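Next comes just one chain, in structure tokens: the form deposited without the ligand.
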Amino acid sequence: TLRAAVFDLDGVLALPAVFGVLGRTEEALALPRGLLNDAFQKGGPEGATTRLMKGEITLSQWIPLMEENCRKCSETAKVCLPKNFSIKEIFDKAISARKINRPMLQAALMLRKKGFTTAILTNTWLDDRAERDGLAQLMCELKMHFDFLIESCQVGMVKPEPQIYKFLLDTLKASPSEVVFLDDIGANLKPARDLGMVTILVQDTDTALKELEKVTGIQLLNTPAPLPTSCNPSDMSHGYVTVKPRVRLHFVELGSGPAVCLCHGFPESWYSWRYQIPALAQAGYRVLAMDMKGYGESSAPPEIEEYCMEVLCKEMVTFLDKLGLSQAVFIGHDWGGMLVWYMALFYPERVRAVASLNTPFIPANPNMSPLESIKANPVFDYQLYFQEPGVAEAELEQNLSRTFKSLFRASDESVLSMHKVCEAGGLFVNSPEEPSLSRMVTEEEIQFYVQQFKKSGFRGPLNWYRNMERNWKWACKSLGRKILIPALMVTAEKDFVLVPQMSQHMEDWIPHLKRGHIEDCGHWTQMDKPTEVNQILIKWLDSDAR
């Protein structure tokens, strides 16, 4: 029956309410109780505050009217305002004190996710204050989670007037009884209740959610921890840079602040960072999530040497040159992780800081060809399989859905061993035709990867493994250097290929290395443990990259 949920902002999605601050200021300053609220409401429908809420005037224009209203209320109550009495001040402090009320947002999310239409309905203002950006950020964070945000000052109408409710019902394409509306102000619910909307008077958050649960019949309170925000591909800004004539790089870009360049592994995609992108943007970074060379919408030339580490690094440098970035933070996973260490080693001036998921830094052995070194560790055998052009391509392209569903699995869901892959004659020889869906991924997400890899297949991606000798020789030029820029190594407990112990000597070459460690985390770190990855990255960025 209920098909939509509408949330007030002040006192419902954002806390403390600002009327909250009018009460406290009065008391703090020992004024007559409600004086500030009387000055605020003065003139009712024709007073300064309604003009503000309707968008007739801006917040900077209203500030001095509210002042006058405060003088008038104080003369009529026969008191004096203190020296230094400042409406601008009180409101600045009140607006910056209000934060997102997380459990209300998470209930709104859950309702959206079971197919509700959701909106925010708020009496708010055109904010031209010096400090306006703080509230602009808050509104951006909330708004991306709802179908509509309706602001009194944008539509020229205010709660409790009945026209904003008709405007509400009409934007929702729903009828009065299909709608629940939560607000902390009883007067605002009245007209909704009159048209026959379910309404909830919001005092403490928990009781409201209990009423919302009872009325919608969906579980909202005490729900398990939700995933971080993911990305919809078609809502992202997509960027394209030609680094040389045959070769363009594609990337998805979100956020502002220091540039952070995310470099995925094999066989992945910018989308492998879907859970990191909004979190790092929200944390104040400019995220740039690559399709690396060979993948997705980046170019995929056929030749093997287009994919040696030297060329790949030079082209990441060109990518920065053409974007006009003197530096970025480089964060890599798997093959991308190897590449970011080599960026730190060959272009420290271009790298603000470097971090790797799973891939350790282990200096080349100048007395052992890497092809030989690889034979000494049974879990790397899959790399030998990858050598012969064509063999891995045929298997991996043969059925794309099967390929990614077989690969993208949590550590207890595995369907293949990386073990005697050559002997067995394939990565999938003893795995199902139709694997079950890992808990880590939805069917839709698998089909994103399938559609990406339909553009170029596995030749470019596999070529990353086809330059052993060439990479070894390049790496050897670097054996006298150390990595002395800010660096983070994140190991994953249950990565049975890129095992945490392989990283054990990294402090020899990177003396100031910082670490995180994720327990119960397989090879696909970002989607296995997105919440922990986000927390470890954001903390290290804020302390070392800022």
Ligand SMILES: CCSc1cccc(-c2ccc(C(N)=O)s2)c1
Contents of the next structure:
There are 2 protein chains.
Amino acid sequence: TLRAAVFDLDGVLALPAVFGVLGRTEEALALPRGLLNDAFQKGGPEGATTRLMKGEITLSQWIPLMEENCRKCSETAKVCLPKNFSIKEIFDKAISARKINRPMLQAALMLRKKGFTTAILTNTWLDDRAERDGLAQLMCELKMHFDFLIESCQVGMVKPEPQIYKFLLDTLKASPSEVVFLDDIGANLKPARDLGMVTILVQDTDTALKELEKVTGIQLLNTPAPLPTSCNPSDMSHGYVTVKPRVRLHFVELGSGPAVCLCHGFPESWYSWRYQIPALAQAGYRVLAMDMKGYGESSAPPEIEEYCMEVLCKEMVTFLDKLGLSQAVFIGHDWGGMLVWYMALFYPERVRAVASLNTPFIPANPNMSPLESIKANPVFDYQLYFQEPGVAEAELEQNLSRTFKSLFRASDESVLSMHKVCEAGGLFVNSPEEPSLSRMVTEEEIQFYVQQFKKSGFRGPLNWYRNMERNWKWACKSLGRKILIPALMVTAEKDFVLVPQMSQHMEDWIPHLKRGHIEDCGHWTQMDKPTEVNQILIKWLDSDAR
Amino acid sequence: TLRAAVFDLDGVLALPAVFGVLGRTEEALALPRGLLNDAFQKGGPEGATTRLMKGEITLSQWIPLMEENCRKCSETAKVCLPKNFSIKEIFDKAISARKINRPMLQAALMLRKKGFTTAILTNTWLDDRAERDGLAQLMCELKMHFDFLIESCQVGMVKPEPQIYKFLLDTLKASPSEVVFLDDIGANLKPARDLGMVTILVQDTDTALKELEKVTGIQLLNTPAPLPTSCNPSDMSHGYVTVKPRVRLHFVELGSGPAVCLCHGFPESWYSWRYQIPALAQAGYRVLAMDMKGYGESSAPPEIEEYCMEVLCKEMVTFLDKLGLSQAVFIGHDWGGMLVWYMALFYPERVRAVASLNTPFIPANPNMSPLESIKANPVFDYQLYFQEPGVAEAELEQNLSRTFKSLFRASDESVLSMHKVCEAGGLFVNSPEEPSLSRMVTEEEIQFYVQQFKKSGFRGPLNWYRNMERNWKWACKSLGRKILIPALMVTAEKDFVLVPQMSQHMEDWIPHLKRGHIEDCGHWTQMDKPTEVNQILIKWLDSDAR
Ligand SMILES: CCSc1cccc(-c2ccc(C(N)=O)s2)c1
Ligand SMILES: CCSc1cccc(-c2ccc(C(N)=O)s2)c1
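Form deposited with the ligand bound, following the form deposited without the ligand:
Expanding to the full complex; the earlier chain stays at the top.
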């Protein structure tokens, strides 16, 4: 019975296989077949290449030795290599052209999800090239999906020496018969077999995967579209900034590049962005996923006025100041979407670009009380239920598990009326005591929100809805302004509270506004439609926010 | 008696004054004197400009209104503005050319150091230009040196309206007679005077500063070269990454741009880089100042082997992995300098560039025990004293204040022999019980190190010296490699343990090595010579590490 799967990198997890480049070069250059290859394998286990693969020497030290091996192979072949022939130029292109074999990685991900221990076993080098970052990025992306990364140059052993195989088994804490080994070089496969390991000679991916499926009894080919990579809270970098005495803000941080500040809604967490954080960091951004004030590890002061838009926005400016960030892209959802439009209106200098999911930009009506305005819409009755300090806290803090399971559901899973909530006397008066688990979330993900909300509860979060009058007076000062910085409005077809239609007049105040629309998407946009959210955000980021 | 100083931005804290650009444009373009200016001030407190300054409108909305005011001023003047005349192009250059008036900022810094409350009072706008970041960066740099930043567009009032002045006094919690006010516009000075505030009409900086010195009784002109900006621990962003079960690494993070990872020595803190962090972030870098393993808020496991170079380097690679960083520039000092050379040797893919202060790169002697090697040098006797578990911990943990005050001293302040330490039976056997405070440090800075070392003490830090044999065996695997990535070696003339001379053969293993040398610098390089360290690092960073 298998419980571990090992993958080679070149020709297995990454394609096109860098080594099939020596043959491609020979042909393009009309060189005697195998000339370049002979120079690469020259001296076998004594050669420059074996020294490189064992980590005795770096790639930059190896390049002159390989080109030297190239003169000698020519001497004995009778043809003379050109004057612009560069080993470096050839390998630079080969490394650069090699990308992750996505279906192979998905198969490895699926096996690991089923309780398999996974690893990468590769003959690689210590890359000190000026262009080494491209491969460092690839290895970074690949490795975090595996239990182990065994690199020849770091262990001082190479495939096919039998010692690396005994090393592999020891690392795995498993006997050979519990291991599948995939490689594109039959010579490297043989020792794994001699030990009783299941092996797969990898040529075309589909066939290798057909073989893999058969031997594991796990479906790997033709499976449904997987979810984007999520976040494990304990594997993240956690950041803490004191924005004022007794007000500290917590954030999760991932990646490098332009700062993208993600602002969640009610009643959420930095964790609501779990499917966006790895994807946005991978797309070349420095992600800062906040626990907004009143939430999770961020401070939660009791006073209502601590949660008015003016105070919240000023604290987000200080956050940027203390981190030494002159700007950040601000991406919000629900209450975070509202904050994000106000950051653009009041601090355009600090906002590189602004994007909102579900939350439209509606300019304050100076001739109408914001309370009258809320009453005009039956779908906002829940906001009136939230007005009285203590009432919604009591219901929401009553049973945390029920609260999140009741709220976090897809559009075709609704359990909450949300209309005539005041008259019903609560949000959960029609709701089961033990709601079923929505297909959107795991039991574990619910438990994370439960644990977060045990610290401060619902007072601070609910206080965001308790500053209507103050926010309205502040917003009225911006009635003559327009939003002229890059902006994106993303609507969710099935959000029955923040309906797409409510966003229709936005072009009047944001003339250059760009849009996104997600069909069959409820209110919890990020977890309902992660793939679509990621595609829309990344595309908008690359085109409008460097 | 004064206790508060207020500065205007344009023409006072920032030069050349953006508004003296309308006159410069008129001349260069041979336009009737004051034509452009009339268009800027048009309608006075009713005009487009006053609306802009009060925050009713953004700069992008204002530009067409100002150019419109330009057609009208021409109608009545008889000349016709060109076809490539751009209000935007003019203001873009003016904003861009305006820089901090460094001597004015130094004067404000000196006053604040003397217990003054300082503030910036400015008539500014809400900048939504595509080029708004340049000014956002300037305001960011400037503001962190002041107690308050009062911007007209954010308060909805402007100079010279008397309400902003009453607002200023209220913000300051001070009566007018306790306030000096500096402005380059006499009209804005008058109301401050009418209230009894001391005023200074600012033309040339030197004279304004001569006036400021007279009225405060504090020397501001011709003062010694100030120290670079330091760090206040509670104003920093604190980061935490679990690199393995029960091993967490703490870091302080400042700025945006390429990741620069600062690695302190023995027995230090992230705080040893206090003078580098603001300077490097200001130079366009994302600084990650570590608490190395065994130190401060980082985990400190008791086992010796937890501190061998191989384990430490692997944990720094995981740190990068968990933060989503494919690379970082690694800058080390003392033990951190040693780690940093080993990161370059073993993980060149993860090291963008490598720099060391005082610590040279010495390749392991495969024909000699590292213990024999240490014994060959009388200056390394302290390392032998550190070998026995418990002995150095007892002496060092005995009185924390004495420990740091004894260690942290300039070269001409030495109190410690450091030679024949074993035979003397300690580091502090000749040292006073109550050492004087070195000119390098304040009592407060000592107390910070004392507080940090109360958590874990000296076991983990001392364990860095307890892996000679393991480090030697690991290092021997790199004997065939060279360091071919960008590298900087900084020597300290008066470091009597890590003498500049010990670095003389480095070019043999790092052929492209760049150098820095600091005269009259002891072992504690960063606090001994902050200005020189910063100049050397920034210059090397901008030229060799993007
Ligand atoms: C009150 C939490 S914010 C909000 C806004 C719009 C729709 C929703 C829904 C939450 C839960 C729903 C359900 N029935 O499961 S609909 C929540
Ligand atoms: C033992 C701490 S590491 C080190 C290396 C080289 C010189 C120094 C000095 C520390 C303190 C000195 C003194 N006498 O104040 S010299 C420390």
